[PDB]
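Below you will find one chain, with nothing else, as C-alpha cells; this is the form solved without the ligand, and questions on how it binds or moves follow later.
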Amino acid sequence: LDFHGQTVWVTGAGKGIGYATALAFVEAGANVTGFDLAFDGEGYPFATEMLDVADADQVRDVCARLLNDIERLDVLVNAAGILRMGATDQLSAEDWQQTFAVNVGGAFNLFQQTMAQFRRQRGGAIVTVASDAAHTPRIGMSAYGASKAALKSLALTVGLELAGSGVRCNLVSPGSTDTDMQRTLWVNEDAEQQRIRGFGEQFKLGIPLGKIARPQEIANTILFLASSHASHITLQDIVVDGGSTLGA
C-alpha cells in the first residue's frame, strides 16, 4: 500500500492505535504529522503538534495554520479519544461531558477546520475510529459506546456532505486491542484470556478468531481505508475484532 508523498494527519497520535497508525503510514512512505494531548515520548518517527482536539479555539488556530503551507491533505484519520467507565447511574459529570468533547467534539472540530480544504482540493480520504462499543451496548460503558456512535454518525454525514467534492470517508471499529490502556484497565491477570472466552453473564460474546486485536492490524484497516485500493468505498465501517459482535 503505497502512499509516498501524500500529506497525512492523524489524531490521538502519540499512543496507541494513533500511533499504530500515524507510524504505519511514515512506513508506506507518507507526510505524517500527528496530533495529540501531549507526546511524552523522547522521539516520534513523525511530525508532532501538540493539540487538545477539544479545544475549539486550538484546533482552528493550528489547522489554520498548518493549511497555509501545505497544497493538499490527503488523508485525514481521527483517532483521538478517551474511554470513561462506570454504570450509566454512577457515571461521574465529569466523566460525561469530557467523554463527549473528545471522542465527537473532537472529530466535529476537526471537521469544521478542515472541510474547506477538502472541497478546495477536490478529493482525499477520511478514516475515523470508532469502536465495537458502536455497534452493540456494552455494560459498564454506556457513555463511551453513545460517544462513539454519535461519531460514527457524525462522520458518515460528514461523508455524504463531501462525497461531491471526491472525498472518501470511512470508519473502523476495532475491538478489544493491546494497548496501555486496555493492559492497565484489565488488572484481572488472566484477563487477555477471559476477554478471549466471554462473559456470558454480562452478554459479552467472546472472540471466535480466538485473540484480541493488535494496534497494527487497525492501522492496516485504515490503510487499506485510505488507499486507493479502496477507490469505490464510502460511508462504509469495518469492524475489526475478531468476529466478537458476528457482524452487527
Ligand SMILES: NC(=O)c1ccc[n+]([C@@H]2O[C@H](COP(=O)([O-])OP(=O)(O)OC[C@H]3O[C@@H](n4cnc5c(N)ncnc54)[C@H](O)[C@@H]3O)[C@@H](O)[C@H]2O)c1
The other form holds:
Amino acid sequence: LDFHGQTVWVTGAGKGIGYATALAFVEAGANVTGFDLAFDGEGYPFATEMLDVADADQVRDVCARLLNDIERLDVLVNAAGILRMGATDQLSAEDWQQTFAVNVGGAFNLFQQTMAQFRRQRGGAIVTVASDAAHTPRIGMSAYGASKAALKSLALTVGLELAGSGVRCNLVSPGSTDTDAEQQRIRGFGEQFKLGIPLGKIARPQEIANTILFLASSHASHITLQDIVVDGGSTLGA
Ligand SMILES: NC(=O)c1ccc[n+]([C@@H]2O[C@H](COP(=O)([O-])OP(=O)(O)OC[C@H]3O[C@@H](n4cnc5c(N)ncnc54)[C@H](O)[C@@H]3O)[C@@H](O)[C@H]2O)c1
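Starting from the form solved without the ligand shown above, please give the structure in the form solved in complex with the ligand.
Starting with the chain above, the whole complex follows.
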C-alpha cells in the first residue's frame, strides 16, 4: 500500500500500536508526524510532537501551529489511549477521570481542531483505534470499555458530520495485542465469560497497523463509518 507524499498524523505514536502505525505509514512512503505524551526512544523514523491529547489548550496550540504550514492533512489516526482496570465499585476517582479525558477527550480535542481543515480541503481519511472491549462487556474493564464505546460513537458521528466533505471515518477495534499468560488468553476464561481466540494466537501491532493502512487508503474509497474488529475472532463477529 502506497501513501507517497501524504501528510499523516498519528497520536500515541510513542510505542505500541501507535508506533507501529506511524512506522507502517513511513514504510508506505508518507510524511508522518507522531504525537505523544513522551517519546522516550533515542530516535524515531518520523517527526515527533510532544502533546497531551487530553489538554485541550495544548492540542489547539499545536494543531494551529502545524496547520499553518500544511496544505492538506491526508490522514489522522487517533491511537492514544490508556488502560486503567478495576471492578466498577473499586475504581478510583482518578482512574475514572483520566480514562475518559484521554480515551474520549483526546479524540474530541483533535476533532475540534482538525474538522475545519478536513472541511476546507474536501477529503481525507480518519481512523480511530477503539477496542474489543467496546463490543462486549469485560470483567475488570467497565470504565475502559465504556470510554472506548464513547470514542467509537464519537468518531462515527464525526464521520457523518464530515461525509458531506468527502472524508471517510472508520475504526479498528483490536483484541489482545503484544505490547504463560498469553496461552491462557488464547484458551479463554469461561469463568469470566471471556471467549478464547479461535485463530489460536494474539495480535501483533503490525496486524493492527496494516488494517489502519487499508482503511486510510484509496482501496477503501467507499468504506466509511465501519469498525473492523482485529481479534482472531474472539468476539465471534460482535
Ligand atoms: N494492547 C491491546 O491489546 C489493546 C487492546 C484494545 C485496544 N488497544 C488500543 O490501542 C491503542 C494503542 O495502545 P497500545 O497497546 O499501543 O498502548 P501503549 O500503552 O503501549 O501505547 C499507547 C501510547 O499512548 C500514549 N498516550 C497515553 N496517554 C496520552 C495522552 N494523554 N496524550 C498523548 N498520548 C498519550 C502513551 O504515551 C503511549 O505511547 C490505544 O488506543 C489502546 O487503548 C490496545
